[PDB]
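Asks: Listed below, chain by chain, are the residues.
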Amino acid sequence: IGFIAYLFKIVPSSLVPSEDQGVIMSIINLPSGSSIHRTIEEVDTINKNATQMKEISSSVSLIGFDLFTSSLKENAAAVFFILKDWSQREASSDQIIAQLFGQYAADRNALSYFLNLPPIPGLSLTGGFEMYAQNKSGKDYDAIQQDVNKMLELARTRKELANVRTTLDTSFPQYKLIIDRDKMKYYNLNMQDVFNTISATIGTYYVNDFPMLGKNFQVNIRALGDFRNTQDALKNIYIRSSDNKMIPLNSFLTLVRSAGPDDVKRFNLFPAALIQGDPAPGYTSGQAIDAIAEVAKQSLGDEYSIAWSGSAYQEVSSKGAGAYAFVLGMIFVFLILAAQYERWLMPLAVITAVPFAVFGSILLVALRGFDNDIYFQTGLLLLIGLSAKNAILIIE
Amino acid sequence: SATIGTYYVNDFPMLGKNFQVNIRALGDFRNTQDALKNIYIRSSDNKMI
Amino acid sequence: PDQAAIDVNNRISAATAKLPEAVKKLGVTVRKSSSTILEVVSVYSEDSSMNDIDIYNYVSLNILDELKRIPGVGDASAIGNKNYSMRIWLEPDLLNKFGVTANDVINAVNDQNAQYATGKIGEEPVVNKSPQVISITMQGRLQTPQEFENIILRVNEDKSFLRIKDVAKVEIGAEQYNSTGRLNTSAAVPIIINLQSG
Amino acid sequence: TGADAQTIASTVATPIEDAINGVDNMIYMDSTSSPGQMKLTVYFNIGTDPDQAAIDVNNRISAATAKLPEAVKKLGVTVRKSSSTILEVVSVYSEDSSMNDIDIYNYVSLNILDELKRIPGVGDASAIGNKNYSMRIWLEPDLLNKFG
Amino acid sequence: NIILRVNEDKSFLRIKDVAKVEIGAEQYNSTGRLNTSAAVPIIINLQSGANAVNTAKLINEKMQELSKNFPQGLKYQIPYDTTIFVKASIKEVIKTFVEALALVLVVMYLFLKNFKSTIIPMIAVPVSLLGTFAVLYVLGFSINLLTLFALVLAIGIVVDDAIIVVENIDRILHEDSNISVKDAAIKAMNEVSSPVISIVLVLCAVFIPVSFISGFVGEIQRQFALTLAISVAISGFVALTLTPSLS
Amino acid sequence: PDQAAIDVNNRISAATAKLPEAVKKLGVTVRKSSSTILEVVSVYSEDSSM
Ligand SMILES: CC[C@H]1OC(=O)[C@H](C)[C@@H](O[C@H]2C[C@@](C)(OC)[C@@H](O)[C@H](C)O2)[C@H](C)[C@@H](O[C@@H]2O[C@H](C)C[C@H](N(C)C)[C@H]2O)[C@](C)(O)C[C@@H](C)C(=O)[C@H](C)[C@@H](O)[C@]1(C)O
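Protein chains in written order, with the deposited numbering: chain A, 546 to 941; chain B, 744 to 792; chain C, 100 to 297; chain D, 51 to 198; chain E, 249 to 495; chain F, 100 to 149.
Misleading hints may appear alongside valid ones.
To be verified - Cut-off 25 angstroms, straight-line C-alpha distance, at most; resulting in silico cross-link-like pairs (DSS-like, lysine-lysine): (1) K681/A to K89/D; (2) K131/D to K131/F; (3) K760/A to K123/F; (4) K123/D to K123/C; (5) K89/D to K721/A; (6) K228/C to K780/A; (7) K196/D to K268/E; (8) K264/C to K196/C; (9) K117/F to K89/D; (10) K305/E to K343/E; (11) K123/D to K124/F; (12) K167/C to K167/D; (13) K124/D to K117/F; (14) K123/D to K760/A; (15) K117/F to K123/D; (16) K310/E to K167/D; (17) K629/A to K305/E; (18) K629/A to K268/E; (19) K264/C to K790/B; (20) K124/C to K196/D; (21) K780/A to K364/E; (22) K268/C to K728/A; (23) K124/F to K117/C; (24) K196/D to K780/A; (25) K310/E to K364/E; (26) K167/D to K323/E; (27) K728/A to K264/C; (28) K131/F to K124/C; (29) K123/F to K131/D; (30) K258/E to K196/D; (31) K316/E to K167/D; (32) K117/C to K123/F; (33) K684/A to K167/D.
Unchecked claim - Residues of chain D placed beyond 10 angstroms of chain E at every Cβ, according to the derived structure: (34) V73; (35) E120; (36) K181.
What the hints contain is simulated information worked out from the structure, not anything from laboratory work. Beta carbons are placed, not taken as given, at the ideal position from N, Cα and C, and that holds for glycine.
Work the whole structure out from these sequences, hints included.
Replies: Right, here's the structure in full:
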């Protein structure tokens, strides 16, 4: 039984083993703010280079979407490859991943993320924690980014956890419209009208519906793409000044280049920047949870509030009913065996029978190199049941 | 409603949340019964009534 | 109780249209509360360095939202209702002097203190494709009182702007000064919790 | 439509998040506000009936629909039970490139999807694309200035 | 032809003069390509309480029927189909059941050295598996990969119960020459009746706490544990009642 | 019927994007109904003065 403890300690613990799902998810991310046509050229080259290898049969792409963060960022495209078959293909999914990774490290023009599809849907992986740094002071997301980055820089040194990533990004370029209200009121304009003109020309303005094939379809107003592509597209836009005079839009408006976050995130009615991380090897998920909580408390104090989601929230709010139920089951088994044998002492033999089955299972799983799994525990359940059944008959 | 009562025009951003903007006259002017003698409303013409 | 609430909301949905614009703008809340106070929680500042309005705003931002997530709490509210709100205290003597009505203030605040929609610069379909796609970000909702007093109601015959500061006093005050919460001899916002039905 | 991420967050997510708060058996709330769109996922406690969660969310959002801006009110908010997995994905492709993507999507939406809804056991049928037929008026600023 | 303005002449300024009108998409941010060819993916979420295999087959046939009427150059494909995984798992569970039954017949023909005895598992095992299916359907559980894995597990419980009962009958039959087959069976059943009930209750009490565990891992555990408990209980009842008579 | 109305309302909620704007402005109402006519009550003025 001491060797059982040793073998349990040495064996790795993971939630679900990685399995080839017969397709390979490719995540392509161009630099932030890259145009869609560049992404289409990239994914065209991607599929062309993936065509040579015989293992993939077909390629499905979804240009203009980010699978990681549901969105329509034009700089991100997801291209799922379809493996030929499990039987007709000599290579496993991992070797295909390695070949595609090796083809694509050199160019560094289109970032490559080749990941096998999740065994089961909505499955948290490696028991990572989902921290939300709810800013409570109302600071700008740009300052939130620097504070959170200081938090990660502190957290990287911590031994409990490793591989921390933050979804919040502010690299995306964003023109900032600075409105000189004095000039716009001077020209006898209204902010609502000038912004309707902007939304009509640069943006898409949706006015009414027109029917085709019996279905009610939108009517959209936008300026020709030739004119709005340039940064100084305001000067061609003209707005009436309520005095029957054409006032140029660039007179009171100006585009200045700035960097802003493409996607914002609010957790529990409060602005936040989601932080993910995985426990370091040899450390439990909960230990990493308190470690990152302490890091957040040190870095951010009384201005950011910690939050938990998914697996981290389940661990934080866990009532520990599983261990209590296991203790109840152990007591019930003891009682039922004592009733069967008409003696309190003898069920001890039936209980001590199961360590042999547990020892065999853990020894073989250690030798095989397979890590502790959910399916391993499911098999251990039947193992304990059968060992107990054999012992009960021997004792009786 | 903008002078005697409170008129909620729209929301301004503060501390992340949105808080109302309310318009009202000073408490002194709406205090008396004869409050209406102070408020003036412009007609279709420029005259103040 | 849940089925009863769902039926009540289903029947109410039709009548919401006939309600006045202000009523629906504030919104109609349908809950399962029994309107019987389950308990009263009073938050009081011992050092008295925190004013009643700021205590209420702290509570409504931090405590009340978390309390409403607690199961079995049908509705939780605070007595004061002294939420943060820009107060534009109009001076009728100064309003009639400059010839601007309260309607001219409402229109100015509604038009200027708002956020609208602005499209991205480089977007398809474009025949001259730019290397990058740039979004446009604006801020039309003023944050500080100094920005609110600079709102231009009217432009004079010369290049002189009449502004809210001339005709009104702007400050950050409570939404309502109607109520007050007192604990013992101290000032504390009381949190009344209504038990959810069943 | 055509609103940057921050304004969408502040103007749309905040009222909806305020109104949705306090819904029965809600563990936490996650919302993202990408350019032009605002998705708000409202997670609930395990064992809660999904239809019940959906209808309560509907009621809370219908309470605060009026506070939303004019464009968001025009394009009403959609509430769905996101707890769904993909049985399969059918891709309709024009091999000869006779039709562009818009024509393919419109044909699939008008013809293919309705039959998929007819198939028993197909609770949800959707098309990834977002290209509905729309009447586009391409304004030319030079011509507009020429004709005043 | 929408009239923007009316000139001083009878001619009208129209939208055609200042803008170009065409039927385009609402959004151009996205685009889908399959094998470097323009495509539109379609997603089909399986309705709750339905059969995946039948729905997938109906979808494929309906797609073929619609493809008969497709415009020239339009072709369909189904890259992802979770029905493949469940069909493979069902085939593997059937093969495992057949192999386990054949191995039971072989092992009992080897040790027990009797041919008529092989029939007893052949009836006892399928009856208990069918009962497990029925009680699983009553509880509302659904066939899935986890359930099929737990069925692979429960195969061992059922075969082992049949082995114990039949082997005890044979051992008592060979202990005494004078004893009759029915008398040997009743003696063995008297010996191991209360033990079998004890194993059934013990295994149920072992499996129950696993179901109480919360979380996604808790629910995954609950599936295996609950079907395992159902199977062991029903197999115990079958070995208690049906197996001795056939023995 | 209580859950049937819930399912119908949830589906209309999910498809709200597909609806035309007018029926979005005038909220669509989902209510349980019964084709059965339990009885017909007729109110009449005996004096015919009403
Ligand atoms: C949107 C449109 C997409 O739907 C999703 O976003 C779903 C709901 C993802 O979960 C959603 C879940 C969500 C919303 O959770 C907050 C978010 O994380 C993203 C969008 O994935 C799932 C499971 C993806 O796994 C996800 O792949 C991502 C690259 C990373 C993500 N995880 C590591 C983070 C992982 O789970 C997965 C199985 O590959 C997608 C498969 C079904 C597809 O190929 C299909 C075509 C999708 O592209 C999609 C229907 O177009």
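Asks: Against each hint, give a clear statement of whether it holds in the structure.
Replies: Cross-check of the supplied hints:
1. For the given pair, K681/A sits about 22 angstroms from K89/D by alpha-carbon distance, which is consistent with the 25 angstroms threshold.
2. Among the hinted pairs, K131/D with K131/F is consistent with the structure: their alpha-carbon atoms are about 22 angstroms apart, no more than 25 angstroms.
3. For the suggested pair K760/A and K123/F, the alpha carbons sit about 15 angstroms apart, so the restraint of at most 25 angstroms is met.
4. Under the criterion of a C-alpha separation no larger than 25 angstroms, the hint pairing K123/D with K123/C is consistent with the structure, at around 13 angstroms.
5. Proposed proximity of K89/D and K721/A is supported: the alpha carbons are some 24 angstroms apart, at most 25 angstroms.
6. Between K228/C and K780/A the alpha-carbon distance is near 20 angstroms, which keeps this suggested pair within the 25 angstroms criterion.
7. Between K196/D and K268/E, the direct Cα distance comes to roughly 15 angstroms. Compliance with the 25 angstroms bound is thereby established for this hinted pair.
8. Restraint check: the Cα-Cα separation between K264/C and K196/C comes to about 14 angstroms, which is no more than 25 angstroms; the hinted pair holds.
9. For a cut-off of 25 angstroms, the pair hint linking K117/F to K89/D stands: about 17 angstroms separates their Cα positions.
10. Between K305/E and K343/E the alpha-carbon distance is near 23 angstroms, which keeps this suggested pair within the 25 angstroms criterion.
11. In summary, the hint linking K123/D to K124/F is supported, as the alpha carbons are separated by about 9 angstroms, within the 25 angstroms threshold.
12. Distance hint between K167/C and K167/D is unfulfilled; the C-alpha atoms sit about 39 angstroms from each other, more than 25 angstroms.
13. Between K124/D and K117/F the alpha-carbon distance is near 12 angstroms, which keeps this suggested pair within the 25 angstroms criterion.
14. Distance hint between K123/D and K760/A is fulfilled; the C-alpha atoms sit about 20 angstroms from each other, no more than 25 angstroms.
15. In summary, the hint linking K117/F to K123/D is supported, as the alpha carbons are separated by about 14 angstroms, within the 25 angstroms threshold.
16. Taking the CA atoms of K310/E and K167/D, the gap is near 11 angstroms; set against the 25 angstroms cutoff, the hint holds.
17. Annotation: proposed proximity of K629/A to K305/E holds, straight-line Cα distance about 21 angstroms (limit 25 angstroms).
18. Among the hinted pairs, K629/A with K268/E is inconsistent with the structure: their alpha-carbon atoms are about 47 angstroms apart, more than 25 angstroms.
19. Between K264/C and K790/B the CA atoms are separated by roughly 23 angstroms; this keeps the pair inside 25 angstroms, and the hint holds.
20. Between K124/C and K196/D the CA atoms are separated by roughly 43 angstroms; this puts the pair beyond 25 angstroms, and the hint is violated.
21. Under the criterion of a C-alpha separation no larger than 25 angstroms, the hint pairing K780/A with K364/E is inconsistent with the structure, at around 98 angstroms.
22. A distance of roughly 24 angstroms separates the Cα atoms of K268/C and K728/A; the hinted pair therefore holds under the 25 angstroms criterion.
23. Simply put, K124/F and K117/C have alpha-carbon atoms about 12 angstroms apart, close enough for the 25 angstroms limit, and the pair holds.
24. Using a Cα cut-off of 25 angstroms, the hinted pair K196/D and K780/A holds, with the two alpha carbons roughly 14 angstroms apart.
25. Between the alpha carbons of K310/E and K364/E the distance comes to roughly 50 angstroms, so the proposed pair goes past 25 angstroms and is violated.
26. Between the alpha carbons of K167/D and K323/E the distance comes to roughly 20 angstroms, so the proposed pair stays at or under 25 angstroms and holds.
27. Between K728/A and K264/C, the direct Cα distance comes to roughly 19 angstroms. Compliance with the 25 angstroms bound is thereby established for this hinted pair.
28. For the given pair, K131/F sits about 29 angstroms from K124/C by alpha-carbon distance, which is inconsistent with the 25 angstroms threshold.
29. Restraint check for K123/F and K131/D: the C-alpha separation of about 20 angstroms stays at or below 25 angstroms, so the hint holds.
30. At roughly 19 angstroms between alpha-carbon atoms, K258/E and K196/D fall within 25 angstroms of each other, so this suggested pair holds.
31. A threshold of 25 angstroms between alpha carbons decides the hint, and for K316/E with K167/D the separation of about 19 angstroms falls inside it, so the pair holds.
32. This hinted pair checks out: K117/C and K123/F have alpha carbons roughly 15 angstroms apart, not beyond 25 angstroms.
33. Only pairs whose Cα atoms come within 25 angstroms are accepted, and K684/A paired with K167/D is rejected, the gap being roughly 47 angstroms.
34. Remark: the non-interface label on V73/D is consistent with the geometry, its nearest Cβ contact in chain E lying 21 angstroms away (cut-off 10 angstroms).
35. No beta-carbon of chain E is positioned within 10 angstroms of the beta-carbon of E120/D; the least distance is around 18 angstroms.
36. Look at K181/D: its CB is around 4 angstroms from the nearest CB on chain E, not clear of 10 angstroms, so calling it non-interface is violated.
Comparing the model with each earlier hint shows violations of hints 12, 18, 20, 21, 25, 28, 33 and 36; every other hint is respected.
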